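All chains, please: the whole structure from these sequences, using the hints.
Listed below are the residues making up each chain.
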Amino acid sequence: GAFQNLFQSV
Amino acid sequence: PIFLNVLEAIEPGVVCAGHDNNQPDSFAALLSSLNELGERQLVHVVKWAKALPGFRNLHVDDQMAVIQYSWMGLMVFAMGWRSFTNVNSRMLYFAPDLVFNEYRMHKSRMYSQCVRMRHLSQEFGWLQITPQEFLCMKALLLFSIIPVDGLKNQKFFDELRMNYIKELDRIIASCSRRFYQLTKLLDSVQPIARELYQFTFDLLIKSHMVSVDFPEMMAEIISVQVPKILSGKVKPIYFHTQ
Ligand SMILES: C[C@]12CC[C@H]3[C@@H](CCC4=CC(=O)CC[C@@]43C)[C@@H]1CC[C@@H]2O
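Top line first, the protein sequences correspond to chains B and A. Going by PDB author numbering, the first residue of the first sequence is number 21, and it counts up by one from there. If you count by PDB author numbering, then the second sequence holds residues 671 to 843, 851 to 919, one letter each, in order.
Honestly, the hints are just simulated from the structure, not real lab data. We treat Cβ as the ideally placed atom computed from N, Cα and C, and that holds for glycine. Just to be clear, a hint being listed does not mean it is correct.
A few chain B residues facing chain A, derived, Cβ under 7 Å [claimed, not checked]:
| id | residue |
| --- | --- |
| 1 | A22 |
| 2 | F23 |
| 3 | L26 |
| 4 | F27 |
Stretch-level coverage of chain A by chain B, calculated; a stretch enters the list once three of its residues show a Cβ under 8 Å from a Cβ in chain B [unchecked claim]:
| id | segment |
| --- | --- |
| 5 | 764 to 774 |
| 6 | 888 to 899 |
Here you go:
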């Protein structure tokens with residue numbers, strides 16, 4: 021989930 | 671020129687690796703720093719990609735996928751450009767604090783791959799590639815690798831890719854020779870990225886035996902996404918037949 025977390029955090 | 675305005679406006683600035691240049695070069699130190707640099711650059715690549723014209727037309731799943739497949743090519747291409755503009759391709763300018771001379775190319779155990787990246791850097795000079803050509807080409811790299819079985823909404827991707835190709839053609843607009858040359862250069866990035874993906878995958882698997890540190894996102898992406906590429910489930914889109 022680390023990439024997704026970055027992507028959604030902008 | 672709206673499209674070029676945007677590409678210039680969103681282009682990431684300088685990213686440092688955090689490498690300790692006071693310590694002697696070692697395989698583990700150089701690779702750990704490259705890995706950290708990848709982690710740092712990933713943040714910039716995401717912010718950049720999400721701000722590209724039309725990027726939000728894609729299904730969100732596909733937005734995340736194309737970044738996770740294309741990052742190596744994007745980063746290598748940008749690094750080749752930095753190397754060209756900063757040191758006339760005499761060295762690989764990974765970052766201001768991580769510049770590879772031949773000794774580091776050897777010590778990284780990636781000499782063959784570094785050779786190919788330096789060759790790519792030289793092409794920017796040999797072809798007299800303009801900053802505006804570079805920007806358009808780099809944007810197109812984001813849309814140059816997809817699953818063989820297709821994306822969540824392939825139609826939206828196809829349309830977006832088509833438009834980035836058109837934008838590259840208009841910045842070119851001898852024109853046929855130029856477009857052939859630039860598409861050949863673009864194609865050349867992909868086999869280099871593949872070799873680097875193989876190298877980094879193998880390194881991750883044995884990382885605990887060679888004291889190489891992989892940050893969180895790099896380890897995830899290299900174990901979850903990169904194997905799709907290496908196993909042939911995700912493949913580059915080539916302009917020309919290889
Ligand atoms: C993946 C990798 C770390 C990240 C590197 C990559 C080489 C290409 C590269 C160029 C950059 O400018 C950012 C870091 C990256 C993206 C390295 C090859 C082996 C190492 O594990």
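Status of each hint after checking the structure:
The criterion of a C-beta within 7 Å of any C-beta in chain A is met by B:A22, whose closest approach is roughly 5 Å, and the hint holds. Below 7 Å, beta-carbon pairs count as interface contacts, and B:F23 has one with chain A at about 5 Å; its hint therefore holds. For B:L26, the suggested interface contact is upheld, since its CB lies about 6 Å from the closest CB of chain A, less than 7 Å. At about 5 Å, the closest approach between the beta carbon of B:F27 and any beta carbon in chain A falls short of 7 Å, and the interface hint on this residue holds.
For the segment 764 to 774 of chain A, the stated coverage by chain B is violated: 0 residues have a C-beta nearer than 8 Å to a C-beta of that chain, whereas at least 3 were required. Evaluation of the coverage hint for the segment 888 to 899 of chain A: fulfilled, as 4 residues show C-beta separations to chain B shorter than 8 Å, against a requirement of three.
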